[PDB]
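**Q** Residues per chain, in single letters:
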Amino acid sequence: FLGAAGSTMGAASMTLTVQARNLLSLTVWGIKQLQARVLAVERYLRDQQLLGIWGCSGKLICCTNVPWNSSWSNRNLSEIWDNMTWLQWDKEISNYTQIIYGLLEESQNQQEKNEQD
Amino acid sequence: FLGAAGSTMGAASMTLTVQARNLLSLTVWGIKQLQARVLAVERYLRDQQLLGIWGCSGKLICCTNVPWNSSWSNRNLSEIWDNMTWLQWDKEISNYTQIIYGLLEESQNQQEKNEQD
Amino acid sequence: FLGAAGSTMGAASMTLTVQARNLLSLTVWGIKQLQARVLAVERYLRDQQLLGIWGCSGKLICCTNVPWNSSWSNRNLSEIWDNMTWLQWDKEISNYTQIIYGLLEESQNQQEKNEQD
Amino acid sequence: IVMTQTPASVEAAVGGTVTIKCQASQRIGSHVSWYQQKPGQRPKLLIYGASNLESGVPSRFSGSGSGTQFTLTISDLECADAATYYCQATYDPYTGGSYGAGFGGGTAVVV
Amino acid sequence: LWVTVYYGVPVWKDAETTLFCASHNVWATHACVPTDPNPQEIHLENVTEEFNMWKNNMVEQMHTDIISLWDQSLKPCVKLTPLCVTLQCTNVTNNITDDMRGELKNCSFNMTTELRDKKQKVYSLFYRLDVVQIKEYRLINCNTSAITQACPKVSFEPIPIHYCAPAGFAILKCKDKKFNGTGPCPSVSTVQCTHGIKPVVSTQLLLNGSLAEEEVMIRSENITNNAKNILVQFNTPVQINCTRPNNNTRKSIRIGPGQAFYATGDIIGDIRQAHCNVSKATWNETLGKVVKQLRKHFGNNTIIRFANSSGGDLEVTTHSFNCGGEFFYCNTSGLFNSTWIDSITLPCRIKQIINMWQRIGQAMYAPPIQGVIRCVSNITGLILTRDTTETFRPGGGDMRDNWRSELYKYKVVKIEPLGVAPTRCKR
Amino acid sequence: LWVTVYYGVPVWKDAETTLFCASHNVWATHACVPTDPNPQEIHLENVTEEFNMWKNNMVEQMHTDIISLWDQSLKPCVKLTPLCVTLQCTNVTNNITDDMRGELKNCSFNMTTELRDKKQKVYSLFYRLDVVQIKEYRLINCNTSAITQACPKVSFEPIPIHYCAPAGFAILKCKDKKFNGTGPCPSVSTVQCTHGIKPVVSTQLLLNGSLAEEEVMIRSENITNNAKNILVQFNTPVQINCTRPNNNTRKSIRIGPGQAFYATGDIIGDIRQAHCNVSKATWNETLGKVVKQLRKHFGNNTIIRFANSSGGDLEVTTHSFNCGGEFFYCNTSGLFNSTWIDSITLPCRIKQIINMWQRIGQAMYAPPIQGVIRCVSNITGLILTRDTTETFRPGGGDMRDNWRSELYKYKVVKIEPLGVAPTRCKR
Ligand SMILES: *[C@@H]1O[C@H](CO)[C@@H](O[C@@H]2O[C@H](CO)[C@@H](O[C@@H]3O[C@H](CO)[C@@H](O)[C@H](O)[C@@H]3O)[C@H](O)[C@H]2NC(C)=O)[C@H](O)[C@H]1NC(C)=O
Ligand SMILES: *[C@@H]1O[C@H](CO)[C@@H](O[C@@H]2O[C@H](CO)[C@@H](O[C@@H]3O[C@H](CO)[C@@H](O)[C@H](O)[C@@H]3O)[C@H](O)[C@H]2NC(C)=O)[C@H](O)[C@H]1NC(C)=O
Ligand SMILES: *[C@@H]1O[C@H](CO)[C@@H](O[C@@H]2O[C@H](CO)[C@@H](O)[C@H](O)[C@H]2NC(C)=O)[C@H](O)[C@H]1NC(C)=O
Ligand SMILES: *[C@@H]1O[C@H](CO)[C@@H](O[C@@H]2O[C@H](CO)[C@@H](O)[C@H](O)[C@H]2NC(C)=O)[C@H](O)[C@H]1NC(C)=O
Ligand SMILES: *[C@@H]1O[C@H](CO)[C@@H](O[C@@H]2O[C@H](CO)[C@@H](O)[C@H](O)[C@H]2NC(C)=O)[C@H](O)[C@H]1NC(C)=O
Ligand SMILES: *[C@@H]1O[C@H](CO)[C@@H](O[C@@H]2O[C@H](CO)[C@@H](O)[C@H](O)[C@H]2NC(C)=O)[C@H](O)[C@H]1NC(C)=O
Ligand SMILES: *[C@@H]1O[C@H](CO)[C@@H](O[C@@H]2O[C@H](CO)[C@@H](O)[C@H](O)[C@H]2NC(C)=O)[C@H](O)[C@H]1NC(C)=O
Ligand SMILES: *[C@@H]1O[C@H](CO)[C@@H](O[C@@H]2O[C@H](CO)[C@@H](O)[C@H](O)[C@H]2NC(C)=O)[C@H](O)[C@H]1NC(C)=O
Ligand SMILES: *[C@@H]1O[C@H](CO)[C@@H](O[C@@H]2O[C@H](CO)[C@@H](O)[C@H](O)[C@H]2NC(C)=O)[C@H](O)[C@H]1NC(C)=O
Ligand SMILES: *[C@@H]1O[C@H](CO)[C@@H](O[C@@H]2O[C@H](CO)[C@@H](O)[C@H](O)[C@H]2NC(C)=O)[C@H](O)[C@H]1NC(C)=O
Ligand SMILES: *[C@@H]1O[C@H](CO)[C@@H](O[C@@H]2O[C@H](CO)[C@@H](O)[C@H](O)[C@H]2NC(C)=O)[C@H](O)[C@H]1NC(C)=O
Ligand SMILES: *[C@@H]1O[C@H](CO)[C@@H](O)[C@H](O)[C@H]1NC(C)=O
Ligand SMILES: *[C@@H]1O[C@H](CO)[C@@H](O)[C@H](O)[C@H]1NC(C)=O
Ligand SMILES: *[C@@H]1O[C@H](CO)[C@@H](O)[C@H](O)[C@H]1NC(C)=O
Ligand SMILES: *[C@@H]1O[C@H](CO)[C@@H](O)[C@H](O)[C@H]1NC(C)=O
Ligand SMILES: *[C@@H]1O[C@H](CO)[C@@H](O)[C@H](O)[C@H]1NC(C)=O
Ligand SMILES: *[C@@H]1O[C@H](CO)[C@@H](O)[C@H](O)[C@H]1NC(C)=O
Ligand SMILES: *[C@@H]1O[C@H](CO)[C@@H](O)[C@H](O)[C@H]1NC(C)=O
Ligand SMILES: *[C@@H]1O[C@H](CO)[C@@H](O)[C@H](O)[C@H]1NC(C)=O
Ligand SMILES: *[C@@H]1O[C@H](CO)[C@@H](O)[C@H](O)[C@H]1NC(C)=O
Ligand SMILES: *[C@@H]1O[C@H](CO)[C@@H](O)[C@H](O)[C@H]1NC(C)=O
Ligand SMILES: *[C@@H]1O[C@H](CO)[C@@H](O)[C@H](O)[C@H]1NC(C)=O
Ligand SMILES: *[C@@H]1O[C@H](CO)[C@@H](O)[C@H](O)[C@H]1NC(C)=O
Ligand SMILES: *[C@@H]1O[C@H](CO)[C@@H](O)[C@H](O)[C@H]1NC(C)=O
Ligand SMILES: *[C@@H]1O[C@H](CO)[C@@H](O)[C@H](O)[C@H]1NC(C)=O
Ligand SMILES: *[C@@H]1O[C@H](CO)[C@@H](O)[C@H](O)[C@H]1NC(C)=O
Ligand SMILES: *[C@@H]1O[C@H](CO)[C@@H](O)[C@H](O)[C@H]1NC(C)=O
Ligand SMILES: *[C@@H]1O[C@H](CO)[C@@H](O)[C@H](O)[C@H]1NC(C)=O
Ligand SMILES: *[C@@H]1O[C@H](CO)[C@@H](O)[C@H](O)[C@H]1NC(C)=O
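Protein chains in written order, with PDB author numbering: chain B, 522 to 546, 568 to 659; chain D, 522 to 546, 568 to 659; chain I, 522 to 546, 568 to 659; chain L, 2 to 95, 95A to 95F, 96 to 106; chain G, 34 to 56, 66 to 141, 150 to 184, 189 to 309, 312 to 323, 323A, 324 to 396, 412 to 457, 464 to 503; chain A, 34 to 56, 66 to 141, 150 to 184, 189 to 309, 312 to 323, 323A, 324 to 396, 412 to 457, 464 to 503.
Some clues are possibly wrong.
Unchecked claim - What follows is a list of derived Cβ distance ranges for each label pair:
(1) G/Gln183 with A/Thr128: 31 to 39 Å
(2) D/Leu544 with B/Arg617: 40 to 48 Å
(3) G/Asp325 with A/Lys121: 41 to 49 Å
(4) G/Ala200 with A/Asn99: 37 to 45 Å
(5) G/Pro214 with B/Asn625: 51 to 59 Å
(6) G/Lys252 with A/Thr128: 49 to 57 Å
(7) G/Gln428 with D/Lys601: 55 to 63 Å
(8) A/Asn448 with L/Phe98: 31 to 39 Å
(9) I/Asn625 with B/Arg617: 52 to 60 Å
If you are wondering where the hints come from, they were derived from the structure by calculation, not from laboratory data.
The C-beta atom is built at its ideal place from N, Cα and C for all residues, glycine as well.
Make a model of the complete structure from these sequences and hints.
**A** What follows is the structure in structure tokens.
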């Protein structure tokens, strides 16, 4: 059901409905199933909470109020969307994940709410 | 808390806030409670995931971009909303559920997103 | 990570992204962890279900169609937002919680849906 | 189920150089062999993988490539060394086998 | 005005949940969540909150879990049922001091070998406190409960654990010097996990706990009601040095297929009495501080008398000390012998058959430890009871009163993030 | 440009999770999730991924679960403690061949009856490998561990199981012929569940596993380091036919209320030695292929010598074969007897007292099976160790090195569906 099969980010961005569904889909082999079901739920909810707080809930593609900081990359969109595998991209900017996520939260709480009320 | 008590689809569509809430609401009778709580959560989340992917999240009534295919029914809306019990309706078109759901996902991913970005 | 640290409701309403995240964040000390994880999930989902049914999903601040009934309070907004700690406020109107919540559900099901379809 | 070849036909003077090129529809590492087929004869192997010649093959034949882009350079062309050259994928990325699995070509090299 | 819904509001209410353990040893378990190497503590400005150490359910959870672990860890061990046999037994006299006369006995008996059709004659040296005279003796508790030996590889060291709230919950800590057992305090902070608490098990004198920072604290329910225990927390440690001077050996005796009994062996060197040394001047200053604080509730010119103990069993009248896995029952008299208007040597006894949290129906046998034991501990507080002059003496009781002295600072609350307020806006 | 968030991105990272079982027998459990009758396999074009069979935690889970099941399934069975009695015992000579002289003994003993005040005199024929001479004998392990008989209704057949990842996780399979134990491979597919793996337990020769598809595969860590095992996977099966020719009977002897011991009975017909027949020509071609492949790492003109075994216990020096529930320890010599520059009959022994995964502290007794056993298996690979000439010989070790030969193709990964990229759009 996975992509990144030579699929560059442009094409890969269109297969999101598949990968988004396979996230949820007292014997030795008894208790283990209960523990495994709980784990699957936990991961699902953590991602949904982030989409919620950033205002991306219900969407596969979410444009936000955070500008791209050039310190995060050394390529043009015309280079990455056409030549890079989603998987390669994620590895290249992995060390900025926590920066972007914090900015995304502020971009909602303040910009779309405290300033809108 | 259940409807379909002689309630045709028109009237039944208005009671959705009740039925939508009763979905979530190491001894022999110890471990069983833990297993039962996990099951209740699992069912709740599966329905929420479908509403999310179809763009029906947060709504009780959701109009979509999928046209009704006449091959799915032999009745007018003027006949089913007034004369059929929600329960009867669900049984009559049960064999098309998987068709409609696949169409609903495409109607979002492509029509409301890949074509909007 | 908690507020209400002398923070009146005005200021407190701006820290919601923090408190909203710490809600999700067969040995004696084995089975207990499994039970505790299930509890944390259960509480998270109950609050999300209420936000969903009231049309407040995805938001930290949600204005609704329910008017404030003066029988619920003895103060002006100019008095409570500036002089009361969120915590004090919640205690003062705690006995009306169930009234407000029922009104909020009707304010969606009927006013935003049955009357919009 | 992998290779395509594009030059179709090339002419050169005696002592000159020509090149030909193949592409893979799927990445196949360095798993491309090359053949020389003279008219009326069964084909001869020139190259094992993208960078390796078979013993007995003149040093004037050489090549390289990886992933999906592969080439063959034939220098010091000898008079009347005319042949059709071909590419073969020696790796099947779908089944995992490593054997000739798809073949194609056509170069009309004339000297 | 209109109703506006807010989510993530900083509101909490009192709650009871189970707690997570964070951190081979009998209690350590080695199945706890690794702790946060850089834990956070969040101060709450202008927050006053009410705590009650006597009604704190964290105490009950510590008690329940430690008992359950005791059994989960020691249950899969060798049973000693075959030792409930008439013993032939006489006094050890070969190389002893006067203080040890009658303390040890050399017992011998007919016991099952690897084969069930054969018997072996074996011997073990037992402490007087473990046998009952019927030269014929019975082991203590062969008429009351089954005896299981503890597994020799299991450590009894009081390795600390931390309790952590589940997401959706938090633990509030009362950071307030001079705060007694109950009431509001103006200094509160939020933590997710507690400080590490060592599951130290003792009676009369609390060992290796936390210290008070400004003054000796006297915490009790009521005070004037003399049916309650007084927990006294020192603001300075008193160092106590305990020893078991005899060099012991041990024997492994097969009691049937797959099992062996750890018997005591012979003693190397002369036989001396176990004892604890409490620094004397330190102890005298420490009690003077306790007295000055006690007078605040009894009168500035009231005589405060300290007595040794009430009558009772060893678990009541002697200090209970568990170190190295050995079980000591110390005299604790001479420490409490004054009216208030070098070292103190406390003779101490050793017992191997233990009845502890489950007072009846179950017994555990502490196997011998070879060599000599030296143990140094911090006295951090006292358990006192009260009787012109007030009389106080060492008390005791269930472990809950000792463990609550490390949890008096914590309360469990739940977070209620969803609520409403009137605003000038509308949908 | 602006940050755009994408959800459901096809991104994965290495992960360790527990796996689900999908599929009365001792391992089958009959509490697994029914498998998908039409499972999917999804090919990943242009994906190269790195696998390492020696660091694969799926091996550790198989090992841990199979051991836990062994005990969960055999724990609630009759204990044989009463048989640890001096036995009076002499050789079986009534109708035997030369190869069996001294192999079986007729033992008799005094054992507990339904009533505890009465004894019965019973007998059983034991294999030499199960007793210790003290005409007086002890059973093996009555001086080491408790012996519990396996329940007679429990099957030991190696019924295959499938491992399945939890939602949010996936298993990647390396579909690459000629792929060795480590490194990247260009052919990867995604599955949710593994192929079925039979929990076959053996030593020296791997039975009933998967075959290589193009060439005999030689997989090892290092190769040049002779401290590591070499796993050799055949691309063709070698058929091996094992038998236990004696027609046995069995007896049920009550050992007290609610319990009975399964004793061996009398033997019908003459007594012959158990043995295995390996087709000879097939075996000779199979090793020739192994040798041609071994030379790739040792030299084209290097002599490859095969020796029978190192010294050691039966679990090391003989082939371990479990079939019908009977436990065989086969000679495995003559199969490895060459330098490389009809059938082979392997004499085989039978043992009933088993010490397997838990090497000490526990023993299991295999009850007798009535009648005659004939078993046909596929040799799918070898466990070899290495010592001008290289010398190789059958090896052994913990079961993890045998089970990893069926899991070398799999890796567990986690899905990380949420991430960002710069785009020409904005909110
Ligand atoms: C109060 O805290 C002190 C300090 O942690 C505890 O003392 C420690 O006790 C353990 C157990 O007896 C000692 O460990 C042993 O050390 C010997 C080597 O000398 C080793 O052979 C044993 O196998 C074992 O590891 C530890 O050294 C000792 N620490 C110090 C600094 O002396 C004391 O037990 C605690 N009090 C109570 C009542 O629990
Ligand atoms: C390798 O695979 C083969 C084929 O599955 C295994 O052989 C099978 O072994 C079982 C157990 O001994 C046989 O079942 C028995 O059959 C008799 C009737 O003949 C019945 O009375 C017993 O109650 C039991 O059901 C099974 O027939 C046999 N299969 C074949 C085709 O002969 C072999 O055991 C595996 N090797 C190893 C080491 O596990
Ligand atoms: C059960 O079915 C009956 C009809 O078969 C429903 O009765 C009618 O309800 C309508 C309102 O929807 C009224 O205007 C009619 O006058 C009723 N008929 C009679 C004879 O009284 C009845 O409402 C159904 N039950 C429920 C709960 O909907
Ligand atoms: C605790 O309460 C005090 C007042 O009782 C708050 O102090 C004032 O805060 C405002 C800002 O909101 C300042 O303009 C005033 O000058 C402060 N007063 C003084 C005397 O300095 C205090 O901020 C509250 N604590 C918190 C965290 O909000
Ligand atoms: C694997 O990579 C190759 C290129 O290295 C991709 O092949 C090209 O795909 C484009 C469409 O995106 C076609 O227009 C080209 O003609 C293809 N090249 C050749 C030589 O055929 C291939 O599509 C990638 N695999 C996947 C699944 O995307
Ligand atoms: C007895 O109390 C002393 C004093 O509090 C403890 O020694 C301190 O330990 C902390 C670490 O927990 C160090 O940071 C201090 O520097 C130490 N102070 C001194 C004077 O040494 C001692 O560890 C306690 N002993 C026991 C068994 O708990
Ligand atoms: C308990 O033992 C400690 C040592 O572990 C004793 O303190 C030491 O005393 C010597 C002098 O005899 C000094 O040289 C050391 O520097 C001291 N060590 C420490 C850490 O202070 C202590 O006196 C003993 N207590 C009792 C009551 O006997
Ligand atoms: C508390 O101290 C008193 C006074 O010493 C103890 O009473 C007697 O003490 C003498 C030694 O001076 C003993 O020989 C007597 O046997 C003690 N009397 C009794 C009845 O035992 C008193 O026992 C001490 N109490 C405790 C619990 O130790
Ligand atoms: C021994 O190996 C043979 C050959 O691989 C196995 O027989 C094949 O079994 C598959 C089903 O798994 C069939 O589709 C093939 O047609 C069979 N081939 C032949 C030649 O019979 C045989 O089952 C294996 N034996 C054991 C015990 O595993
Ligand atoms: C192992 O047993 C098989 C049968 O289960 C033997 O193969 C059979 O041999 C006879 C001739 O004696 C043929 O008629 C059958 O058709 C063969 N059957 C099969 C399935 O091949 C095999 O030879 C025995 N192996 C050894 C080493 O003795
Ligand atoms: C490996 O083979 C050698 C050679 O046969 C074995 O050595 C001796 O073999 C003879 C039979 O030819 C026996 O009678 C001797 O008892 C064997 N010697 C010893 C010391 O046992 C050798 O034992 C074989 N090794 C293994 C593990 O089977
Ligand atoms: C105990 O008795 C045995 C004889 O049964 C003797 O050898 C041993 O020395 C005695 N031990 C002591 C401490 O008296
Ligand atoms: C053993 O101790 C008792 C109690 O003190 C004493 O009466 C008896 O005489 C002692 N026996 C020996 C041999 O010393
Ligand atoms: C062992 O049993 C014999 C039976 O004759 C008895 O005389 C002897 O005193 C017993 N010995 C012990 C140490 O109990
Ligand atoms: C065991 O014997 C002692 C003898 O002092 C007695 O006090 C105790 O009550 C007895 N135990 C039981 C359970 O009867
Ligand atoms: C603790 O302090 C409060 C006042 O803050 C006081 O009312 C209460 O009685 C004190 N507790 C005890 C046991 O004296
Ligand atoms: C206690 O003090 C005495 C001297 O009065 C000394 O001989 C003994 O060893 C000390 N014991 C301990 C445990 O320090
Ligand atoms: C403590 O020691 C004294 C001797 O000073 C003794 O009289 C008293 O009985 C002992 N107390 C206990 C509880 O052992
Ligand atoms: C208490 O003090 C007196 C002296 O006033 C002394 O004789 C007695 O032995 C002391 N008691 C203890 C237990 O040390
Ligand atoms: C202990 O305090 C008493 C007064 O209560 C005093 O008489 C005595 O001298 C003091 N002893 C020491 C060692 O300080
Ligand atoms: C074993 O001994 C019994 C007598 O106790 C005899 O009847 C039986 O035939 C013997 N069995 C064998 C195999 O020698
Ligand atoms: C039993 O076997 C041993 C070992 O081979 C042999 O010495 C003995 O003589 C045999 N006994 C009989 C009765 O054959
Ligand atoms: C059974 O016990 C008697 C006791 O007199 C003994 O003579 C006999 O040898 C024992 N028999 C067996 C088979 O152990
Ligand atoms: C049991 O006896 C055998 C005799 O050969 C010995 O090697 C083994 O070590 C003994 N078992 C134990 C646990 O001592
Ligand atoms: C497996 O193949 C890689 C190259 O793809 C090589 O580097 C590695 O050494 C090989 N493994 C062994 C054990 O030789
Ligand atoms: C092995 O081969 C022999 C003939 O050499 C035959 O008698 C025997 O039955 C065969 N055994 C098996 C298990 O096939
Ligand atoms: C295998 O059989 C040979 C006889 O050919 C024998 O010498 C050797 O000791 C046996 N090996 C084992 C491990 O039983
Ligand atoms: C190994 O081969 C030799 C002949 O070279 C033969 O005599 C010997 O018995 C064989 N070894 C085995 C175990 O079959
Ligand atoms: C087995 O291979 C050897 C060479 O290593 C050869 O001499 C022998 O004849 C072969 N035997 C069979 C049955 O093929």
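**Q** Each hint should be assessed against the structure and marked as holding or not.
**A** A quick look at each hint next to the structure:
1. G/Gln183 with A/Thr128: 31 to 39 Å: For G/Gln183 and A/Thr128 the Cβ distance comes to about 36 Å; the hint holds.
2. D/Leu544 with B/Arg617: 40 to 48 Å: Holds, since D/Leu544 and B/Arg617 (Cβ atoms, about 46 Å apart) stay within the stated range.
3. G/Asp325 with A/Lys121: 41 to 49 Å: 46 Å, holds
4. G/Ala200 with A/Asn99: 37 to 45 Å: 41 Å, holds
5. G/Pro214 with B/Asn625: 51 to 59 Å: 55 Å, holds
6. G/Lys252 with A/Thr128: 49 to 57 Å: 51 Å, holds
7. G/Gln428 with D/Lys601: 55 to 63 Å: 58 Å, holds
8. A/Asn448 with L/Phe98: 31 to 39 Å: 36 Å, holds
9. I/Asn625 with B/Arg617: 52 to 60 Å: Given range 52 to 60 Å: holds, Cβ gap about 53 Å.
In summary, the structure agrees with every hint in the numbered list given earlier.
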